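Listed below are the residues making up each chain.
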Amino acid sequence: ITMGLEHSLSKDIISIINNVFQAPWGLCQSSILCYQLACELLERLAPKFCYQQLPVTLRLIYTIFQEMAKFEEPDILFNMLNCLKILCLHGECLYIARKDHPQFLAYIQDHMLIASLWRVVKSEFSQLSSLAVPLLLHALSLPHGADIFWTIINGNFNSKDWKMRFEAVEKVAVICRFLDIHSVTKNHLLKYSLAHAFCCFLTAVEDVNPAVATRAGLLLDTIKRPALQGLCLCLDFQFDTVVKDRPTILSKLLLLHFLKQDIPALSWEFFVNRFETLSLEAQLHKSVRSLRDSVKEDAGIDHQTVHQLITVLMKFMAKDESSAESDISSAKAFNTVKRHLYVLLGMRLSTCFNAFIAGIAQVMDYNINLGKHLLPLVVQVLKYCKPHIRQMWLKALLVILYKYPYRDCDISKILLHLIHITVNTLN
Amino acid sequence: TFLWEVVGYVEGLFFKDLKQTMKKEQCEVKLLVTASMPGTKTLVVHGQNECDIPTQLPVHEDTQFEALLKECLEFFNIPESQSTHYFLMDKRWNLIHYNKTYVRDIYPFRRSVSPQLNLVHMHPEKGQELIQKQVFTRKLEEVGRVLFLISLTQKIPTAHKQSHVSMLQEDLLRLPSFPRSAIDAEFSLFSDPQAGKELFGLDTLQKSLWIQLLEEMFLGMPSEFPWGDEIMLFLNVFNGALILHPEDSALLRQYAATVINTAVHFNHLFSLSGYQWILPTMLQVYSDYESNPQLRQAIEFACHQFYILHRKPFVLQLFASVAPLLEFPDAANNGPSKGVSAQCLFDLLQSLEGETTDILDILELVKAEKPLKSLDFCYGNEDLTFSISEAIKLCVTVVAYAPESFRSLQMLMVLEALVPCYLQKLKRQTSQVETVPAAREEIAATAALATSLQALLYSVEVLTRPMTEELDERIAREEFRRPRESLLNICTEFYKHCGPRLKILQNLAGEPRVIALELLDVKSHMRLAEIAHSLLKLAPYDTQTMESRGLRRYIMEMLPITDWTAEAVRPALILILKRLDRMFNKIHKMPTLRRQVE
Amino acid sequence: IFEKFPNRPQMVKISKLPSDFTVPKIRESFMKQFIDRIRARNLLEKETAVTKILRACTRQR
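First to last, the protein sequences are chains B, A and C.
Mapping of the first sequence onto the deposited numbering: residues 819 to 844, 860 to 880, 943 to 1180, 1222 to 1232, 1268 to 1317, 1332 to 1370, 1391 to 1432, in sequence order.
Mapping of the second sequence onto the deposited numbering: residues 1956 to 2423, 2478 to 2607, in sequence order.
Mapping of the third sequence onto the deposited numbering: residues 633 to 669, 714 to 737, in sequence order.
It is worth saying that the hints were derived from the structure and are not from the lab.
It cannot be assumed that every hint is accurate.
Unchecked claim - The list that follows gives simulated cross-link-like pairs (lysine-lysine, DSS-like), each with its CA atoms no further than 25 Å apart:
#, chain 1, residue 1, chain 2, residue 2
1, C, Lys728, A, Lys2293
2, A, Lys2152, B, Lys1058
3, B, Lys1290, A, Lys2110
4, A, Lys2532, C, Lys728
5, A, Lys2348, C, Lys664
6, A, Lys2532, C, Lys645
7, B, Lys943, B, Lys965
8, A, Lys2110, B, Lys1058
9, B, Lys1058, A, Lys2088
10, A, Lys2325, B, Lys1119
11, B, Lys1055, A, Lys2081
Model the full assembly from the supplied sequences, consistent with the hints where possible.
Take a look at the structure:
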């Protein structure tokens, strides 16, 4: 029968449970059994400061946080976390705290909730973490919380003691491996905080102590591929929105492709989303901070970011096969990559052409199937509209014909013009 | 730390060429794990002045540092108050040594030279910090070596992989340190605050790397391998990892998917005799951490996939492995609460009954085809969803094939643990919803269990034959009396539980027309009387069987509830009264036999 | 030629049964091979478990 989770009788029961909670013990299994029985009543219930006008639920959360830092056995801790979930979501105390309790919500987030949850996230008793993670994700879905978490990971990761770096990479690994995909796609600064956590996680792969480097590399292995896809989608969203931080992110993403390549860290749908994003960043003519401490407009600079993306693209097709024709998926994607690779690259004072010559030689050296598949479009654009780039030019035309059946008509004739260019651009 | 990708980017390597060219440098074990170079056999201790001399001492395969600590305590006469204030070290490499690790992993056999050892006076805290940092460094090189071996056997040519992994397994067999050094941790350093989560994180990484290496080693080899006793030794690492870090979620997902992969690969061994080496440790870990739902969810998913792979032999081997750890409150074997409970086994079987949803995503680390189907056509695509009555049917069939064997006695112990708990939880669920189809399924379930009990009593006539420097005699009387008292315990708990409950259920069924459905027939009662009579035929000669709870529960709880208003059931009673007649006639006519009776 | 016919799997059946109850499907080779033969969280039960598994590993060679 329904009895009401908010009624005056039920809050009187809650007042009984508070003054049980405020009386400590000072045998131990007695306290485990007493708190679990009280917790079962809590399950059944819901499916000096000026504290005398405060509702008792947040004061219960207060004394839970107060007695959180006393014991070291995960059984009572586990039970407390269960109670915490029952009150945060089924009890809706944080929901009414964010509805009409901002100051005390600032009090709750600023010193109790984030630091205690950062204390209980561990890599040896991984059921406290399995309880702790949706509560911490509920905490970071609110204002004032991302700054505290930002300063926590800044003081943990940028420390001069390497054990703090060690403990920071294990904790950010435990947050990353207990995440979901669609549960994050509504809040902006949740995605920003998880993106900064993931980029510090990727930044720790190359740290100066070898132990943190090998730990981040081996602990990157133990992450389930949907969580890594969701992290890559958050990082791609933060690349889409934020402008001034595109230098670092690509470096991190290259490290990602270099380490975890089974997940599509780079794919053709990724490149067509970035193609339309550079189109909206180019053909159209915030408030968050910069994550550059995580590591530390229409003619040239956006085009230089485009060039940088071209260099990453040439590295991608040199590295992997990426057979977009083996499936019926990504046919329009790869097709869009070749079309717009023709259109925006086809105006002899750019930085893209020499890097394309610098890349396509290693492309033709390492790839064969897509290499033959893309050759004729490379030679159509060679002179469509200089010493060392001449050296790579002749290296390019050296590896055009080494294993490749080029032999067509009206196209091979231009090779006659090419040996004419052996007495034209030299003369 | 860069060779882990260099060997991924260098082709043209095998197992033998590096061993043939390494032996020239006398440092074979310092690069890869599987280098079978033996170590030193003697060692020298150095002094500090002309009062003492460097002394040579032998090294066996089980020598450790603590014996050398006792040696220097006994020889130099060091007081034990200053035991932790002193340490031992080498002068040349300047290395402090962990106390509880073996010497043989550290000192390979130098060519006619022995490394030095000095008893040094040091502060204890600097020494324990030095020990912690040097073993942090040291097992980081082991972790590096394991990385080299995992990256080594990934991109090998597809012709040469079989001989490579087979001779790899063969040189793992020749190693005397495997798998000691592959599974043991450092336990006098895990409790300190200055080696708290560092040694844990690297130990978690090292165990996960060892699981990856073994999983690659098991795969590749042919499915028709002559697997002797060696599989258990290899499986022991898989047990040991779950012993050390059971609540760590990474080791759990990897352990579950690796055992699923090696149960799909060696399908022949894991259809006959393979599950007897991995299930004791899994049941112990499932039984202990009952307040930890993630470990519980991972083990129920792994056992559900075990059943989906192999249907009936897995359930048989499961009952053969949960049996030597079960303790029940009997008055013959006083079972303590320090092992697998009866409830733990029964809720594990109840999770095997229903479906288990996936929360931890263990399936995508399984290299075989998905979804898993039955690997043998004897059970096929028939709808053999696991019930609990069919477990009783299997136990009946294996005790019925040879009731004087050992599997019969063992499965009788299994049955006397299981069927009171099944009848109990059946009583809870029929006293939980109180509905007329619940009453119908309770009557049908009691009838089917009764059918299986008639099938159990119809095929135990070899136990009705009576019996024929004393330790084998006590063994013979034991193996005489265990299945008999097991049958009496089962039948009297069944009768005194369900008979009045059959009348109660018949009252609350909604149809009181069917009453007194006659659970046991006359031949079952006469069979129980002949077993009890054969038990009582030994009673005055050994004094421990009068107080046995099966016999006493039959005498005080089953004889008065048996109806005798008809005379068809009566020859059971005349045999029981005849046996009690002759026992008390013999106890009366012999006073020496009366002088030793309780 | 020797496998075109439909496969025939050997079973186990016992005739001393009341024949209202079906004997389940178990192969006879497996049958004869089979019939032939809070407190845990602390650091002491694991170490004792490790040394018990090491002696039992060494004992069965």
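Right, here's what the structure says about each hint:
1. C:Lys728 <-> A:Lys2293: It holds: about 16 Å lies between the C-alpha atoms, which stays within 25 Å.
2. A:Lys2152 <-> B:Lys1058: holds (10 Å)
3. B:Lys1290 <-> A:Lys2110: At roughly 16 Å apart (the allowed maximum being 25 Å), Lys2110 of chain A and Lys1290 of chain B satisfy the hint.
4. A:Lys2532 <-> C:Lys728: Given that 25 Å is the threshold and the Cα spacing comes to 49 Å, the pair is violated.
5. A:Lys2348 <-> C:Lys664: holds (18 Å)
6. A:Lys2532 <-> C:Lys645: holds (22 Å)
7. B:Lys943 <-> B:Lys965: Measuring from Cα to Cα gives roughly 21 Å; hence the hint holds.
8. A:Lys2110 <-> B:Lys1058: Violated. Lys2110 of chain A to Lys1058 of chain B sits at ~36 Å, over the 25 Å cutoff.
9. B:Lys1058 <-> A:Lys2088: holds (12 Å)
10. A:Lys2325 <-> B:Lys1119: Between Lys2325 of chain A and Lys1119 of chain B the Cα gap is close to 18 Å, so the pair holds against 25 Å.
11. B:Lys1055 <-> A:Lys2081: holds (22 Å)
Against the hints set out earlier in the document, violations occur for numbers 4, 8.
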